[PDB]
Structure formats: C-alpha cells, structure tokens
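Student: Work the whole structure out from these sequences, hints included.
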Amino acid sequence: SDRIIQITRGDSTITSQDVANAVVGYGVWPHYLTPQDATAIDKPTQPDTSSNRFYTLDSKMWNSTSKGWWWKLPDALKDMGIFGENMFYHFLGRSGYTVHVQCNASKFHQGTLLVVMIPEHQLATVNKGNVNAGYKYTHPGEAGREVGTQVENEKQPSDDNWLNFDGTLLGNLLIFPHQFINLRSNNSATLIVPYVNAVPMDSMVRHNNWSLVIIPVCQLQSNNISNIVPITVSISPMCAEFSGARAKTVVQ
Amino acid sequence: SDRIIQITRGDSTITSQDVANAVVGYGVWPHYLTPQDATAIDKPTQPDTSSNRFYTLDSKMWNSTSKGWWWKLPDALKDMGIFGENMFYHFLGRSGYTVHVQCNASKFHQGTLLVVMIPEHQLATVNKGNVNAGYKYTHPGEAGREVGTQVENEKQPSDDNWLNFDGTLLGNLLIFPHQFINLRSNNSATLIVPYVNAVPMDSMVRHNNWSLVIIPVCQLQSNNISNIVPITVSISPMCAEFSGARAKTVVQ
Amino acid sequence: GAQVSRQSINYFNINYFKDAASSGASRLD
Amino acid sequence: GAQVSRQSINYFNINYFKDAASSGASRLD
Amino acid sequence: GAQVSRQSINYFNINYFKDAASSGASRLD
Amino acid sequence: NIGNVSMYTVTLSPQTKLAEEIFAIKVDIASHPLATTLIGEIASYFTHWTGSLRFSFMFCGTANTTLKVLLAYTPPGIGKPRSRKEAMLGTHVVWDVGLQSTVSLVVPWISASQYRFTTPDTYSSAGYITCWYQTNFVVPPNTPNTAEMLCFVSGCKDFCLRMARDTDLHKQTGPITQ
Amino acid sequence: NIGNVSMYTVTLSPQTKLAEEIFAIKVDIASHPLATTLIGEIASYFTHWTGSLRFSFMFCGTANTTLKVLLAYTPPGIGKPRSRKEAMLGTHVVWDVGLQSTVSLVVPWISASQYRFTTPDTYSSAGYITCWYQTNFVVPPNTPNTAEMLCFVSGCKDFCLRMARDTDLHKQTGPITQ
Amino acid sequence: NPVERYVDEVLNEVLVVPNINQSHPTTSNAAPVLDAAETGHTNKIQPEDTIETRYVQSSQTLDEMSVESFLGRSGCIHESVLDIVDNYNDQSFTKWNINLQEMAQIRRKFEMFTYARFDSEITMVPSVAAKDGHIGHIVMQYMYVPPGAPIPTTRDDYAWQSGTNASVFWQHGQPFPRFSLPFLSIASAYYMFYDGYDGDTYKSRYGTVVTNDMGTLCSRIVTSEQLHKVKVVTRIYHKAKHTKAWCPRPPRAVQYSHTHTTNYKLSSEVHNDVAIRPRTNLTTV
Amino acid sequence: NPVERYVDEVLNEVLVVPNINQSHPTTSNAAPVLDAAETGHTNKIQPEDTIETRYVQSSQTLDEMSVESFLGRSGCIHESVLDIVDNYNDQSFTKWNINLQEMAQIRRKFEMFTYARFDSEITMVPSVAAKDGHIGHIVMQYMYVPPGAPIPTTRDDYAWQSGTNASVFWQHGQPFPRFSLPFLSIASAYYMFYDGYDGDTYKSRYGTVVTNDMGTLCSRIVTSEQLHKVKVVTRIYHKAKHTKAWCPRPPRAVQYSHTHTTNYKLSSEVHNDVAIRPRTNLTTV
Ligand SMILES: Cc1cc(CCCOc2c(C)cc(-c3noc(C(F)(F)F)n3)cc2C)on1
Ligand SMILES: Cc1cc(CCCOc2c(C)cc(-c3noc(C(F)(F)F)n3)cc2C)on1
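Chains as they are written, first to last, in full-length UniProt numbering: chain A, 79 to 330; chain B, 79 to 330; chain C, 2 to 8, 24 to 45; chain D, 2 to 8, 24 to 45; chain E, 2 to 8, 24 to 45; chain F, 391 to 568; chain G, 391 to 568; chain H, 569 to 853; chain I, 569 to 853.
Calculated from the structure, these hints are not laboratory results. Hints are supplied without guarantee of correctness; some may be wrong.
In silico DSS-like cross-links for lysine-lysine, where the CA-CA straight-line distance does not exceed 27 Å [as the list claims (entries may be wrong)]:
hint, chain 1, residue 1, chain 2, residue 2
1, F, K475, B, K326
2, G, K547, G, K416
3, E, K34, D, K34
Pulled a few chain D residues facing chain I out of the computed Cβ check, cut under 8 Å [to be verified]:
hint, residue
4, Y27
5, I30
6, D35
7, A37
8, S38
9, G40
10, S42
11, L44
12, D45
Not everything, but these chain H residues come out facing chain C in the computed CB check (under 7 Å) [as the list claims (entries may be wrong)]:
hint, residue
13, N569
14, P570
15, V571
16, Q628
17, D631
18, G640
19, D687
For each residue, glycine too, the CB sits at the ideal point set by N, CA and C.
Tutor: What follows is the structure, given as structure tokens:
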C-alpha cells in the first residue's frame, strides 16, 4: 500500500497509516563525511544506534487561531540523550535527519499544515534597525517557538508568518524540501534531509543548519472543537558524527 | 631503550622515561564482544576515540604515614567525558583499560608502591556481623578512598591494608595483575587489562569489575621531606561498548 | 537386545525387557 | 553407550546415563 | 577398559577403576 | 475489575493535557499483570527464561476514531519513566491507528546474563513497558468519546525456558474428592 | 610487626662490624615464615613436595645506595650457619645492588628421598636460607641511612606437590551463618 | 550419524533456537509491526524487524520444553492408608478407584492438553509407622483389578490369589516397587476433558467419569496379625513415558473441587480464588 | 593412540614435569639471577642457571594438582537436623537455602578462584538416632525447590507431591542417596566473589547473595508419627565435576563469619586471627 510507512532508526520504529510518500531533501540521502571532503584531521566518533534514533519533541496544540511553529536543528535536540551529550562535548558535529510530523484528526475535520525544512533560516527582526535576533531566541530548544505569543524583548525575531520571519513570501517556501499535512488526505509528513553546509562539519552550538517550520495555511475546522488536535514532531539524526572532543560546553 | 614508553589512546599520549615494562593482565589484550559470546541482541554503540582515551584522576599525596589508596572501575570514571555519559544512558557496558600510575621523586628518595588490579574485589566490613559495605562507600568516584581517614559510619568497609580489605594477606596480592613503583628504579607502572566477567556485558552502575589498589609496602623516605611527592593515576578505557540505551540514570 | 552403532564411539542403546512400555524416555524431534 | 577403542587392549569408556553431568571426573590436559 | 585377546577363547582382562592401585593381584614371572 | 471481562481492556479518550500516561507494567514474563497469560503460566513451570517478547495491541474504537500512541520499553538499571520524553529515550514504537487495528512492540532480549529467573528476583528484573499519548484521541461529532484497547503477549523466535519446577500460580489446600 | 605491612620488609643499614647476619629462615615450603605465602598455602593442601625453590629479593633503598649481600642455602645434616664463612661453604649467590633491583637465589632440590613431607617433620627438613653482608651498605651524605628489602618465593620448573589433604592454616570454630 | 544423534541427546542440543541476525535502519511501506489480531493469527514480527539488531549466535535449546520432558516426571497421584487401630481383619486391606485427578500438581499439567497418549511408570513409596514400637516383618501386596474382575472383600478373599491379575509384593527393607503400564485406553488417546454423557436423560453422568474407568488398586498387609500396631502409608507416583498430546488449552485458574469434573467454588471476593493480584491502578508497576 | 592416553590416565602420568639438565661453570655478562620485580613478572631462572647441575630424569607428574583434582572431592556443605521433641507435625520437616558458604573447608578451596564453572555430585549421609529406643521404618524425602516454586509449610503441604520438582526418597537401610546436577547458573560461570549490588541505593545488597540464588532444599520424614522419637541428621556432601576456574586469588587468611560475605572479626592481638606465627627475631629459624 502506497499510504503506509514504517521507519526504523536505532531502537525506534515509527508508523503511519495515512502518509503522502516521503521527501528526500535535494535528492541526497544522508551519508558520512568522506576523506576527500574532510578537513578536521582527528578520527570522528560515530555513536550509531545510540544517537541515530527518533527523539520526540514536546507536543503543540493546533487550534483555529494558530499561526505556526518553528524549531531549529540541531538545537531542538540539545537535551536529547546521547546525541545531545555529543554535541556539547565536541567542537564539531555533522548529521542528517528524518523528520516525522504527526497530526491526526478525523474525517469530519479540515485543515492544512505546510511542513518545511529550511537550510540557513536566518531570522529577521522587524522595525529595529540593525539589531539582529538574539541567541536565546533562535535557540528555544525542544519547545520551539509558537508564532504569535512572545513578550516583545528587543532582540526578538520576526513573528510574521506570511513573510517567513525573514522578508520573503510564504507561498514560495515550496522551493525548500516540504510536504503538507492536509487532514482529509494524510496524518503525517516525512522528510529525510542530508547534511547541507559549505564546510564539512561545524559547531553544533553556534550554528543551526536546518529549521523546521510548520504553518497552518488552511484553518483547522470541525464541528467538535472541544477535541484537542495536537501536532507532534519526532526527529531522528542520521549518520551523526562528532569531532574535537573536550570538556562539556555550558551555554548561557 | 627498554625503559621508555609512549602510550597513545584517542587524543591522549602518555610518556614515561623510567618504566619497568608493561603488564597485560592474564595475557589477554582488550577486544570487542564477539557474536558467539554476545547475548543482548541490540547493536552496541562504540564511542571509539571519544571514550577510549586517558582520563586523569585527582592526585594523591604520598607521605611517610600513607597506608594506601583504592579506586574501583568503572566507577572512578563516572564523571569523565563521553565514557561517563555512556555508562549512565545505557543499561549495559563493557570495557578494558590501560592504567598508568605516575609517581616521581628523585635519586635521593626511597619508597615502594605495590600497584594492583583486582577483579571482583568484594570488600569486607570488620566486627559488624553480616552488615556489608554500603553502596556509597564502594563508589567513591575519581577521589577514591584514602586508607586510614574515614569517620566510622556503619556500612564502612575494612581499612586494613595488610588484609587486603577483604580477609586475605597482602603478600599474596601478587597473584593478580600488578607492578611495583620502586622509586630507585621506575616512576610509573602500566597495566593493561581485558574485560573480565562471567557475563559478556554488565551494569556499569551496580557492578565494579576491577579495583585499583596502591599500597606503599616500603615507606617514603628522603632528606628533603618538604617536597611533596604526589601519585597520579590516568586511566584509559579500551574497546568500550554500551547497549540498551534509555534515559540517564541518576544515582543516590 | 539392542542397537549397536559405530563411527569408534559405539552407542549400545539397550532395551532390557520385551515390552515397548518398559523403555525409558523417548528421543525428541 | 560408549567409545570402544583398539590396539589388543580395548578401552570401553562407558557413560551410563543420558546427561553429560552424570559422568565421572574429566580427562586432564 | 580392558585387554581382549583371541585364539576362540577370549580373556577379557578388565580393570574397572582408573587407578593402577585398584586392580587385583599381579601376574607372576 | 477482577472477575470481569473489563480486566482485559484499557480505556482511551480525548485528553486535556498532552503526553499523558496510559499504562505501565513490568516486562518480566512471570511478573504480575502478565503471570496469568499463557506464556506467563508456562514460564511459571520453569526457573529461567531468555529471548524476546512480543506485545501486541488492538484498538477497538469506531472506524472514525483516530489516535497515535507511543509504546515504550525501558531497559533495566533505571526507574520506570515519569514522562513521555523519558520513556521515548528507550526502545519504542509510535503506533498510528488506522485500517490495521493491531500493532506489535518487540521487547528485545537486553540482558547482562544469557538467562533470567522467571520469578520476581530484582537482579534479573527486565524493565518496563509504558504507553503514552503521542497526539490525542480524536473523534468527529456523534461518536463515542471513549474506546478500549486489548493487549496481547507471546514469545519471539528466540524465546526459551529452562529448569522445570512446580508452579505457584495454582495450589491445593484440601483433598480433591469423588 | 604482624598486622602491619612492615612484616614483609627486612631493614638494612651501615654496619660497624663486618659480615653481620641479616635474616635466617627454614627453607621448608610449608614451614613458618613461608607457610602463608601462596606457594606455602597451596603446599599445605598436599602432603609431599619436591623440586627447587626460587627466592627473590628486591632492594628498595635510593638509587644512590650501594650494597653487596651474600644469600646462602645450607643443605641439611648440619645446624644453621653461625658466620658468613660457615654459610658461604654451602650454595650461595653474592648479590650486588645496582640498576636491576632484584636478585634470585635458587634452592636446588638436594634430598635423599625423591619427595619430602610438607609439614614440619625433622627427617625431611630441608635446610636454611641465611643472608649476610658481603661488604656494607654505603650511602653518600644527605641520604636515608636505612633501607628495606622485599623477599619473594615461587617454585622452579621441577616443583611438584603430591597427596591432597586438608590444610591447618585455616579453621572453623563455630557456625558460619546467614 | 545417529551416533551424532546420541551426542546431541547427551548434551541436550536436539532442538536449537534460531540466531538473531543483524538488521539495519529501514524506511519502507511494508510495515511488519502493523497487523490485525482479528484474523486469529499471531503477528509474525521478530526483533530484527523493529529495532536494529546485532548478530548473536543462539545456543539455547528447547529439549526441556518438549512434551516428553514436561509430562515425564513422577508426581504423587495417591496416598493409601492402612491404619491398624482395633481390628486387623478389617483394617489390613483397602482399595482405590484409579485416576490422575486427586493431586492438583500433576492433574494440572496433564490438563493443559485435551487428549494425551502415553505409557506409565508407577513407583510406590511405602512407609511403616511403628505406633506401638515395632514393625515386625511387613510384606505388602498391591493388586491391579481391571474393571470387571472380582474385588476382595476380606483380607483372605480368594481374589488375592491373583491367578490372572498383576500383583506386586513388596517386603519391608527392599527397594521401592516400580513397574510400567502400556497405554490402556479403548480409544486412541486418553480424554483429559469430555463434553459428553453416558446417556441422553437428565440423570446421565457428564464428563471424564464416562470414559476414564481404569479399575481398582487393591492392597493389603500380607503379614498376619502382629502384636504391635502399624500404620502403613503407600504413596503412588506416576510418570508419563513416550508421550503425545493434542489440542493445548488454558491452565486451571481456580482450585479443583472434585475428580473428573471442572466444577469450582467461588467466594464473595473473587480475586482470592484466582492467582491474579489486584493492581493499584493501570500505571503502578 | 588414545589407548596410550588411557594408560597415562591409569598411571597418572598425563602431565609430566621437565628434567634437570647438566650445566657448567660460566663467566659471562648475561646475568639471569638479576632482574626487576617491579615489572610484575617472576624471574624465569632455573637451577641450571645458578648452580652446576647434573642430569636428572624427572618422574614427577602434575595430575593431582589439576583443578579437576583440587576441587573434585566430596566435602560436607550442610548438616540438616529433624529432631522430634514434642510435636511431630512441626518437627518432621525443614528447609535450607542452598549455598557452598557454610563449611569452611570447601568454601576456602573454591574461593581460591574468582569464577568457576562445574557440574555437581551430591551425596547424602542420613543417620537416625533412636532417642527412645526404636527407629521403626524411616523413609525420608529431600526435594529441590528451585527459586519461585512453592515452599512447603506443613508436613502434608501439597508441594510435597513433587509434580515437577526433583525429589529423592531414601529408605533407611539402603545405600546413601546420590545424584548429579548440571552447571546451574544463568551466567557462564559461578561467581565466587562479586563486587556489585542489586541496586544503586544505600540499602542495596552487596556481594554474592545478589548472584548466587540456588533455591531451597526441603526435606521431611515421610513416615507418619511413630511412638518413639528419632533425631535424623542428614549431612550433604558436594563434589565438583568437569571443572574450570578463572583468575586465582589469595587464600582466606582469617576465619569466615557469615555466608556470602568476606566480612571478618579482628581481636585486640591480631596475630591470633591469622595463621602467621610470631618470630622471635629475623634470625631465629
Ligand atoms: C487419564 C488417565 C491415564 C491413566 C493411567 C494411570 C495409571 O494408573 C494406574 C495406577 C496409577 C496404578 C496402577 C497400579 N498400582 O499397583 C498396580 C499393581 F502393581 F498392582 F499392578 N497397578 C494401575 C494403573 C492402571 O489413568 N487415567
Ligand atoms: C556458587 C555455587 C555453586 C553451587 C551448586 C551447589 C549445588 O547445590 C545444591 C545442593 C548442595 C543440594 C541440592 C539438592 N539437595 O537434594 C536435592 C534433591 F535431591 F532434592 F533434588 N537437590 C541442590 C543444589 C542445587 O551453589 N553455589
């Protein structure tokens, strides 16, 4: 059946009985760093099944007024088991991911989520001159950011979903790896992305490679509104490898 | 030269210019678990260079009245980088070690340390009936235990060095893998031990496989006593592998 | 009477009485 | 059943029960 | 184990235990 | 519930808090909620066990009821998980309810020793199976707001029992007469 | 000394008289100072012994301390030697302390019978090991005027034990309880 | 090489369990973990399908779980009492209607199958209690009286001659008596359960009593009256040999009440009648 | 010629010790007698290297020093007492938590290794003391109750049926009972010592008690109450067969105190607690 999926990573298996295929970002499957592209000379540590497994983030509630949610990777996985430990004990890290967004309702509900994975999503600030988004704002952790809620501190990034929080139009986000969760068709989205960067490995603490953006383009409607319809995200690193070991970095 | 050594493990290199060879416990070099001896079916995580590297414990001061020191493994390495993290996130662990004890003085100093690695060193309590050594006493961490100092709590283990803290005579400790640091001859001891146990992998938290015992059999003497003569221990796991991943165990 | 077999490690598998009910536990598989 | 051997000084090395735990002391070396 | 011999009048000369001290009286001459 | 068929069903329903716990049991083959199952009863006639266990769950709501649930196995050496986050760090299956009503979670043999004791003995205590809400239990209007789930258990290809013994799941306290 | 690590060390120092005695023990494998060693403990589970013994000594003074010592083995049929001259007429090793800290003296199997009793029984009493100063213990100024020596024992290629028996180096005078 | 067969018997490695092979991460639309219990079939998923497994070489064997092993151990099935109190002629002999229903331990194991066919090994353990101080010379006679044969009514009944029945005479101080019995049914297998009657009226008997008539075991102290009284208790042990069993079933959950019937007692608080222990709630391990 | 192997077994010449060869006076700068004990290795010098030896043909053999020989002798591991004083029902049965820690003699030998794997041969020596003059007909039952199986609480408990457990019935006047047991651990070897706990808290148990659970030995006088009281003492002997041992260790120097623990008592004058005898001085043989 073209509408079922079982994804096994490490000791975790995820299933869905109403999928819309899977997307492999830019058509490249995650793979380890080769000696021709490598640059940092020490031998990498590859946790394998202990880090390359599904980690489920905190659930979010989708209601008729939701404006969107975003998470940044690898930041969202910073307090997640062995993968999280490895990103702080090492200067460099490299990894691909399998992102599985889950949201089920019923055959009498309607709504649509645009699920996108953006490489280098450099956020903008609005009407604040040359002051850029502050570190702690773009590093929310597994809780991500719920668009349209935050108390206006100065280095707070843009919260304009129609302008992709960066000065470009929402309708064009489809140029990045993405899927839609249209409630009448599917109840999950699966995106598998490779490591994308201009250097072979990078700081997992100062640089976020991908951003997961979920925007409800079609409002959630039904005639049973008291039933909460959550959205859950499960992310699994793939081919994670780290280099340049030392003491554990403590942030903020 | 038969009296020099360079030991490289991961990103660490240790040297000594006055050694007395090296001892390979029971003549077996550490190796990974084979499928014929394995039992836990999930694929192990092997941190490699990030865990198999030298970790230097807290130094101890050797003076004319010292009675000895002991550490238990893997316990002593519990708060040590990636190796330590792995032993708490996993139910099972398995590992061999390279133990390098360091102590230098001068050609006008004399003294002798018996450095021993004991498998299953089950401590005894003295004159307390059937009450056995308590968990926190046999899990001192990197600080180990300085024989002859502790404040008599009830579950405190024996502090009788001549009876090996277990009811057997000190002179017979030589049946276990060992070396001596005789100040006139060498300034370090190197023991490389394999994984020894009746099961292929075990709980790194409830079971300590080896105990490092250092007893000064010949008192430290010199005519410059104000110069402190410390003893430093550096331990490097070898072929460390873990299995049965989950949340991090929090002890005590 | 019994079934001697050879390879040399003979397995004299004796049955001491003349009734089938008299023998010990059965072979498996 | 047991391991008859020949040279003639046969060594009928019998094992009377069907479990390995039942036999006597082991051969050395 | 024991020393079977043939001519036919076999002389199964058995030694039931694994120690030399256990056997009976020695042969003469 | 004992003495009713309802002792075999777990009830699910629309939640108001996220990631709630559904059930939690020990994974030991002869431990308590599973001692009276067939595999638990047979395991109780032997002293040792080894191998992987297969837990299955069948959803019994309407064909219009949806739900995503996380079934997790926590290896030993730690307490039972207190949250879905803590649980999902172990072995787990995210089950999406749909046309196929049943899912299976395999508890792999993850042990120090090759076998474990079948009777409740700490050292050889195998961990826990917990179930949590991955999303929620959603239904359209005019549909029952609660539904049951049945739980099954059996052994995998590597399951094996050893050292026969008498059972403590049955007794005789007087003569059985004509 | 019993109850201290010092029961394992012999002290050496600058002498004022020549050829002084350092120590003297019986060579019998299960006799007294050596009954509690590992070879002595194992020998105590057997009734007979045979073979040559290997005694080793490790000097633990400073690297600037010198010394020459005579280690001697006196075969039976005579009393223990009373002087270095009397001792050196038997089997002996003159040990010069230097870069190599340890020396070994082999007590050859010199017996009438092929075996001897492990327990203290005159007829099969093997002789003595004595140690004397060959020269002196010399040190430069500002150096400790005393130093220790450790003594070891093991068996040579021809060592062998026979006739298993219970040991008298350990006992039980009451019940060992739970 | 049957000899190879013999070596496996000695080491108990006749039936080996399979190995766990190495598996890898997968992403496909074949979902083994998903199925339908409604079909009445067990999902056939193995560990390699859900987690990523390593290669492990299984050494376990299933020999001990065989039906031969499970039912092949002697268990007590009866405890016969000859207690001399005040009349030797009346108390020195007795009889028992043979069955495997009186002792819960073995009855429960056999009852895990619907039909079972096997040969039996009977071992007897007699013990003479000296109530007054002496046992004298006790000689016992255990006679198997198949259905129809005459049952003795006195210690000197002509039936003790045993002209055709099988009798085992045991003398105090000699090894425990033991003998084998072939499969005795008039059918192809013994009925562990029988949903039938011996007639079609409201007074017809129901159950295994209709099919499992095995006869009587008559026993007596052969020795004549002695001054000192003794109490002889003979325990009978049974073991199944060369066993076959069909149609497995659920194990007995409540205590047995009577022989040949599945009848049970139920108290006011039912959780005390079954081995199920009350859970505090769904989430309390 | 295995037969040749058999002849060596009969004469106990399987493991021969090497010969002493003839040696000569030497003058060189290779000094075998010199070495460094710091290395942790024993100097490998032999008699030919220090003295001038003659050629001697060694006949000694090491068979008796094998681990099989050292641990292969039956030693007492327990003395069970059933003393009938004033209540037969309460005193005619008992139980023992199995272990090899209660008798110093064999415990010490096994404890010279860290791990040991072996099969066991158990022999029982029962002796019935006639406290009032007669023993009657004593029949005993020794039942092995593996961990988990039901433990009998009365002399007529249903657990004595032994439907699945192994029981040995012995009758007074017959040879001593004996049976073999295979290696029983859930691990690959028995732990003689265990530096571990069953948990990670201040109340977790330490030692071999965590790993060496062997079950219980339940026994009873099968014979019913007799007029005359008896005291039955059954001594259990154990012998290891097909043995392997790993990591040798120092022998126990002080008395044992309790089972499963290395705990010891120390008095005010410690030389009385060890076998070391005080020397008058360094030079007094
Ligand atoms: C179902 C089913 C299966 C069986 C066979 C039970 C074997 O039963 C016995 C027993 C237990 C004892 C005797 C018996 N005891 O002593 C003697 C003899 F020695 F007197 F022959 N026969 C005979 C049978 C058929 O019974 N019901
Ligand atoms: C370590 C270590 C090694 C061992 C094996 C000890 C063997 O122990 C016994 C003993 C001594 C007696 C019985 C026993 N005594 O009687 C019976 C039976 F006859 F009732 F089966 N079983 C069973 C075991 C497992 O225990 N701890």
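Student: Among all the numbered hints in the text so far, which are the ones the structure does not match?
Tutor: 5 and 16
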